[PDB]
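A.B. asks: Each chain is listed here by its residues.
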Amino acid sequence: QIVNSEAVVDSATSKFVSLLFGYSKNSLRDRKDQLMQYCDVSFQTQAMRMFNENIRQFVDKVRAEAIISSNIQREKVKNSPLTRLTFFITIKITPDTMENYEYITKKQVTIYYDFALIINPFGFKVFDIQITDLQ
Amino acid sequence: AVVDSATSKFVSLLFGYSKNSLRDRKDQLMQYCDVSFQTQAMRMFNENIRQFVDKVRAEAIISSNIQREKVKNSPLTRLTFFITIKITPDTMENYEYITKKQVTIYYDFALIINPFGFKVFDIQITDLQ
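As they're listed, the protein sequences go chains A and B. With PDB author numbering applied, the first sequence corresponds to residues 86 to 201, 210 to 228, in that order. With PDB author numbering applied, the second sequence corresponds to residues 92 to 201, 210 to 228, in that order.
Extracted from the complex, chain A is given alone in its bound form:
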């Protein structure tokens, strides 16, 4: 029930980034349910606050696509079962209320994870996140 590899970690992290930082007006309930599955119980509230902030700002007029745009660096946290991942993301924001414009935002992201379900079969769980805006 647990596969612990660099491949599985990176795939789970990419899906998590897409669910947390991305946004589409058409699938919000399913997006929240999937996101919840990637979060430890102790982190689910903060994930929900970030989810709700996307709703507030993008509403039914903007879509957002979030990609990991760098290599992922990793380090075991000393005297802890958690592992720290650090990487950059790019978020492409294109509003539906036009025809031809977009803007890109970039962030540096740190996540802490451990391994604990048709969504997250191997139990990858995020315990914390830290974000640095790059503009």
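Treat the hints loosely; a few may be bogus.
Below, computed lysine-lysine pairings styled on DSSO-like, alpha-carbon distance capped at 30 angstroms [said to hold, decoys possible]:
id, chain 1, residue 1, chain 2, residue 2
1, A, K161, B, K110
2, B, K163, A, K192
3, B, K191, A, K146
4, A, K110, A, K163
5, A, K218, B, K117
6, B, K163, A, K191
7, A, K110, A, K161
If you are wondering where the hints come from, they were derived from the structure by calculation, not from laboratory data.
Keeping the supplied structure of chain A fixed, place chain B upon it in accordance with the hints.
C.D. replies: Relative to chain A, chain B alone:
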């Protein structure tokens, strides 16, 4: 640009808070401090987190333009700016607290955590109000 990323990172480590990653936050903060300043930095971090028990998070961001000055007869650079600390219950409750501070830091340069070797040598903090 790179200076601003490191300054933002140091501010976020020293003045932010999250329960689950607390010991790594402390580890990272030391990597951004010159050896002569690690003890003071640790002491100030120790005093900052007195505000945080159980289900609370804090995020700290730079909230003004950054004034930059070379220090006379020194390789240090003096940065002065304001920060905003947002304190939120780690629950679904609908409230948050905001506190602001003027920060002056002195930095120079010396790898996952601090790839450019940004090192803080001193800090001074005053409350906005």
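A.B. asks: Taking the hints in turn, state whether each one holds.
C.D. replies: These are the hints, each one checked on the structure:
1. A:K161 <-> B:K110: 17 angstroms, holds
2. B:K163 <-> A:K192: Cα-Cα ~35 angstroms, so violated.
3. B:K191 <-> A:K146: 33 angstroms, violated
4. A:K110 <-> A:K163: 41 angstroms, violated
5. A:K218 <-> B:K117: 22 angstroms, holds
6. B:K163 <-> A:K191: Since the Cα atoms of B:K163 and A:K191 sit roughly 36 angstroms apart, the hinted pair is violated (cutoff 30 angstroms).
7. A:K110 <-> A:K161: 37 angstroms, violated
Hints 2, 3, 4, 6, 7, counting from the list given before, are not met by this structure.
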